[PDB]
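Colleague: Chain by chain, the residues run as shown.
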Amino acid sequence: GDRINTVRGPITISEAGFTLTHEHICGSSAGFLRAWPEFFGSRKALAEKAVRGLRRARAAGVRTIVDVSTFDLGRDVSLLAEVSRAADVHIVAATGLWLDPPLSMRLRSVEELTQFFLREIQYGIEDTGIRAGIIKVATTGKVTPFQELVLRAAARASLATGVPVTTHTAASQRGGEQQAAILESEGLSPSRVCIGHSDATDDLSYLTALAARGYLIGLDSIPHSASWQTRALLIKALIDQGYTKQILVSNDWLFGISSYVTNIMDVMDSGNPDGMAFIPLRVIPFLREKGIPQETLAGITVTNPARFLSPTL
Amino acid sequence: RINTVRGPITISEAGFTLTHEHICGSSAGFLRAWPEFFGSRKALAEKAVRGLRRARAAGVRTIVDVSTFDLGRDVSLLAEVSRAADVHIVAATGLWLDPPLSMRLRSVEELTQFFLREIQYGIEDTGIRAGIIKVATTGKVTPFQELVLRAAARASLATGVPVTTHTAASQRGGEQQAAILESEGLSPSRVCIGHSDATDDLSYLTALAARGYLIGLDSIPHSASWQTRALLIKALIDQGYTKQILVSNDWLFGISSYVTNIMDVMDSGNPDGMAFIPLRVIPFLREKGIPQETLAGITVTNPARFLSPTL
Ligand SMILES: C[As](C)(=O)[O-]
Ligand SMILES: C[As](C)(=O)[O-]
Ligand SMILES: [Zn+2]
Ligand SMILES: [Zn+2]
Ligand SMILES: [Zn+2]
Ligand SMILES: [Zn+2]
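Chains as they are written, first to last, in this note's numbering: chain A, 321 to 633; chain B, 66 to 376.
Isolated chain A (complex conformation):
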């Protein structure tokens, strides 16, 4: 009712504060970080870079991030816990499945996947006792039969535990509509779902209609455009349509990445030196200078994630 699971344990809704709802410490693959830490220089080097990054973000106001790295994205909650403590920033961990499931996941039934998700939420991830506070799902534009199983399992897990669902989409294909239909067929409330990567489109009609059904709209990759201004104005556009309370904002940034061709991390960093501090240091002043009240911005960056993450129903 009033508590969410983080990598350091349970915390009250009040303690969450300014929350970036879609971020990554490391974008990788299952087992990869521990098998090949050298790829990131070293595990310590990666940990240190994250801590410095998170500390700057904290200096700029951020108090909580939701790491939406799944099993198949190389989620290492021990790394999350280590960097969360050193930086003193809350990190919410995720279960669910992204776009790279191995055979041992691809060949599972919806009932089996439901059990895996429940495990990571109710018991803990691996042997850590760290519990997931959100369920991530990724689909291609047209939802594949396996991705539909993952969607349904996520809905059933969410209905059993109250933790929310966040999605990866192709907004240019308007992927969120196919997902929503499947999720609702399972009896899941739109208020428990964030349709992610929605800032990668100019289709306001698509965005508003989803918001009007109660869905959280993930405008979560603003600096990837580094234009980034156009993405930010979608936040304004949705406010002006009256859907302030359905907006979630993030950077979708990373401190390490192996699930892409080599050297991309340095290109990203030089493209966006602010890292996860891009939202508080760049997007928020931009929105102020456009006439959005400070109180509406606080509602979006604090109150909305609070409402979204609190286990419900």
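I should point out that these hints are in silico values taken from the structure, not numbers from a laboratory. Warning: the hint list may mix true and false statements.
[As the list claims (entries may be wrong)] Per the computed footprint, the stretches of chain B lying under chain A, defined by three or more beta-carbons under 8 Å from a beta-carbon of chain A, are:
1) 130-139
2) 174-180
[To be verified] Taking CB as the label site, the calculated pair distances span:
3) A:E506 with B:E101: 21 to 31 Å
4) A:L633 with B:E174: 49 to 59 Å
5) A:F606 with B:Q236: 56 to 66 Å
6) B:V330 with A:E431: 17 to 27 Å
7) A:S525 with B:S141: 51 to 61 Å
8) B:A108 with A:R627: 39 to 49 Å
9) A:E506 with B:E111: 51 to 61 Å
10) A:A618 with B:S105: 42 to 52 Å
11) A:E506 with B:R370: 52 to 62 Å
12) A:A501 with B:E101: 23 to 33 Å
13) B:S141 with A:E468: 29 to 39 Å
Even for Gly, the Cβ is constructed at its ideal location relative to N, Cα and C.
Fit chain B with the ligands to the supplied structure of chain A, relying on the hints for placement.
Modeller: Coordinates of chain B with the ligands only, in the frame set by chain A:
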């Protein structure tokens, strides 16, 4: 000296060695994330220890676990079951058929570094070093599979550690593998072409053997006619290529990389497990006139010569 999950052993300690086996056929990260799939980690461990003791009591002294990173290799489990069962286990590097994005997008130079790491330094943070390099291909060999082939050759050439392959024998896939590996300067004597018992094309096997490749007749119980597959062993013996033969079960004690409950299907079909080769195939070969010295050469001498790091 051969690297095992318990440390280095001399080639004489190896003894009766099964050169293609698995403790568990899974996926990277899977065993630690979802141990309940196998009942529990403890349940999986205990089954494997019983099975390895069964094989030990049948003469086996060493198995080669050719589970790679993407087959969900957990060398801490291997070390645990090896100690409990007093059976040597050789661990593998390389890549099987389910590489994740973080592997699929790597260059050959990068893959070479990863394989070298697991051979020279250790696997994960355990200090356990790989003693063999596994590689799997399909069809005519995909572009990425070529990269793994070449990275494996380069790792082998720098360390002396052998290369063992997964192949579609029905497609004569060993020929393309051989071509690529030889282009890298790798000697065929450092290479086992595996799953070669899944064909009837004897001339395919003979031609590879004649070039110096080890022939992995490693899936005999996966037929159980297994008697027909066993006759391939005698066929190569009769052609004077006893030196080129490796035999194994390719068995597992837990499987997650397939449909649920496939493990139970497999166990009821082959209740002997990894003891299938010594309890069924070896006596069957004696009946057909194969002398004990020849059988000892296949099960002891050949794997020792294969696994011993050689330049
Ligand atoms: C690293 As992503 C696919 O969540 O933008
Ligand atoms: C794990 As297999 C069937 O390729 O030996
Ligand atoms: Zn995404
Ligand atoms: Zn992301
Ligand atoms: Zn194989
Ligand atoms: Zn195998």
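Colleague: Please go over all the hints and tell whether each is borne out by the structure.
Modeller: For each hint, the structure was consulted:
{"no.": "1", "hint": "130-139", "verdict": "holds (count 3)"}
{"no.": "2", "hint": "174-180", "verdict": "holds (count 3)"}
{"no.": "3", "hint": "A:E506 with B:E101: 21 to 31 Å", "verdict": "holds (24 Å)"}
{"no.": "4", "hint": "A:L633 with B:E174: 49 to 59 Å", "verdict": "holds (52 Å)"}
{"no.": "5", "hint": "A:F606 with B:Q236: 56 to 66 Å", "verdict": "holds (59 Å)"}
{"no.": "6", "hint": "B:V330 with A:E431: 17 to 27 Å", "verdict": "holds (20 Å)"}
{"no.": "7", "hint": "A:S525 with B:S141: 51 to 61 Å", "verdict": "holds (54 Å)"}
{"no.": "8", "hint": "B:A108 with A:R627: 39 to 49 Å", "verdict": "holds (42 Å)"}
{"no.": "9", "hint": "A:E506 with B:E111: 51 to 61 Å", "verdict": "violated (38 Å)"}
{"no.": "10", "hint": "A:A618 with B:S105: 42 to 52 Å", "verdict": "holds (47 Å)"}
{"no.": "11", "hint": "A:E506 with B:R370: 52 to 62 Å", "verdict": "holds (59 Å)"}
{"no.": "12", "hint": "A:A501 with B:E101: 23 to 33 Å", "verdict": "holds (32 Å)"}
{"no.": "13", "hint": "B:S141 with A:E468: 29 to 39 Å", "verdict": "holds (36 Å)"}
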